[PDB]
Every structure is written in structure tokens, then in C-alpha cells.
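To keep things clear, I will list the structure first and then write my remarks on it.
Yeah, one chain of the complex is gone here, protein chain that is, but the others are all in their spots.
Per-chain residue numbering starts at 1, and chain names A, B and C are given in the order in which the chains are listed.
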Amino acid sequence: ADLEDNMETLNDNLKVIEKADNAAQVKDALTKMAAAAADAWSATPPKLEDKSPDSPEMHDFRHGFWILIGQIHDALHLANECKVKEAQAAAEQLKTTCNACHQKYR
Amino acid sequence: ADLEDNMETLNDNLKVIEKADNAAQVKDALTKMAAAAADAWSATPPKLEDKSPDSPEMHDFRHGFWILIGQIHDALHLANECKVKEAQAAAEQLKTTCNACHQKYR
Amino acid sequence: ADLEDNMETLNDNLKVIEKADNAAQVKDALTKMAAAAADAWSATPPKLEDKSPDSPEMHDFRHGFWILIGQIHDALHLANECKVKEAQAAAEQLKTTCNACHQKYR
Partner (left out) sequence: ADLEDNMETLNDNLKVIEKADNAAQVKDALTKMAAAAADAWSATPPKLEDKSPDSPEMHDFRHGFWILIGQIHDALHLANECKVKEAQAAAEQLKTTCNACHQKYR
């Protein structure tokens, strides 16, 4: 999907996680966020529409997505361990990464 | 791109790295390998054409890709620090991941 | 060194990074922070004086340190690439991990 699409999936599922009861729900939202962050990898954000896929800026843009994926990766391990609250907190702590990218590139 | 496609890109660029001279070329192959692993995320491998995108087998399939992406992520940092040999050895060490997935799922 | 000791080193060096000018200084503080987090691993926090080194509470306690070590690991790659600001900021985003552990275990 497109960039703004993937972002919505990220945002919608964050909320699903905030409010979830049980591990199953959390696993699911995380799985969708994971796919969304992976698909987002290829994108070019408007603010650097011109630049080439080699700018220190594209390389730094894409870096924030490795961080995100690493973190979704780990949050999900917690969910598989039935550590519902610990996973929910890992999800809350992702926002730091979301915000970090947004302040630079959005 | 398709899954066999992405696998070719992975395998072609591993050779490019094996034989490369200087930092710049290594960076490039890894970058291409990164994109390929990210796209490969959403894929369903023939051996699991039946199971839904939730079976412990799909979750495990995709797990192997987080491992690889993390490892490509790190080799590329090495390439940026002008440590070329270190980066090729990280590249060679990846294979341990390639092989691991292949003998479960290929 | 002791737990509170290591925490001081973590906190002191965070500030050193906040205010640093150039790559070299950032590398140093992170290096010191790395060693402090690694040494912190074996520690038992007062609040879990009650639990053996196998409680889902010690394992979770130690988990927070893997997160931090990974994050120090990555900040430092940034510093080696001379990306001073990018590093300083990775450093800022760490606090999310500090805070997360403190809220649970301090």
C-alpha cells in the first residue's frame, strides 16, 4: 500500500493495542503494523520527493523504519509470551520512534 | 516484487559484496538486499500455501525475515564506517539465516 | 560496579551527550554507558530482593537492559558515522527505556 495508508494502519493498530483485553488481539495488531512498516520501506516522503534514493536523507529516512520494525518484532515476542501489559507498554514506547521520524521528515 | 525475485536480489547482491572493492559498492548491495527483504515480508511460501496468515508457521516464517533485516541493518552501518572487510564478513554471516529459513520452508 | 553506580554513569553520560560538540565526545559517553549497562546486568534491584534469579520479574528486569544495550549499540554506530545530531537524539530517545524500567522496578 501507499505511505499515508501504511501510517493509518500503524495509527489504527496502536489504538487497538492500547485498548485490547487479551493477547490474541495484541498479536494481531502488531502483525499488521509489522507488514505496514515493511511495506513503508520503499516509499519516498513528500519532503524529499526530489532527492535520490541515496541522499544521506533517504538513508536516514529508511533507518527509522528499521528501528520501528525491530521494536514491533520485540513487542510481538512479548505478546506470544502472554505478557499482555508488557506488550502494550512496548507499543506505547514506539511512539518515541514515530514522533522522531515525523519531526524530521513529515 | 515476487518472492523468487526477491531471493535472486538477495543472492545476486551477496556475491556483489563478496567480490566488492570499496565501501560504496557494499553499501549499494546491502541497500538492495534491505529493500528485497522488506518486500519479501508479505509473501507466502509454496510449502505453506494452505495455512492462513496466522498459523505458528506463518508467524515463524516471517520471523526469519526480521532476523535478516536486523542483520542487513547492521552490516550497512559497518559499510558506512569505511570498514569494508567487516561488512563483508557480516554479509557472509547472514547466510546462516538464509540457510536456516530454507531448510524449514523451501 | 554496583547498580546505583551504574545508573549514575548512565545519567552523567546522557548529559555529556546532550551538550557535546563533536563525534569523539559522543562516542566516549556511549562507550561508558555501554559498559555500565553490561555491568548492570547481573544486579538485583531492591524491589525484588524477594524473588530468585528466575522470577518472571527478574527475567523482565533483565529484559529492559537488552533493550538499552541494543539502543546504545545503535547510537554508537551513528556516532562512528559522524552523525552527531542523529546520535544525540538516539540518545534522547533512550530515556523511554530508562523510564520504562524505573516505573516498574525502582
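Following the convention adopted for this analysis, a contact is a pair of C-beta atoms (placed from the backbone, for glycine too) under 8 Å apart; a residue touches a chain by one contact, two chains touch by 3 or more.
Contact with the undisplayed chain is limited, among C:38, C:48 or C:82, to C:38. In the complete complex, the residue from C:23, C:69, C:82 or C:98 that touches the missing chain is C:69. Residues of chain B that touch the chain left out of the display are 56, 60, 67, 70, 74, 83, 86, 89, 93, 96-97, 100. For chain C, the residues in touch with the chain missing from this view are 31, 34-35, 38-39, 41-42, 53-54, 59, 62, 65-66, 69-70, 73, 80. One chain is missing from the display, and on chain A it is touched by residues 74, 77-78, 80-81.
As a convention for this text, only the chains that are shown with their structure count from here on.
Between chain B and chain C the centroid-to-centroid distance comes to 29 Å (mean Cα coordinates, whole Å). If you average the CA atoms of chain A and of chain C, the two centres end up 23 Å from each other.
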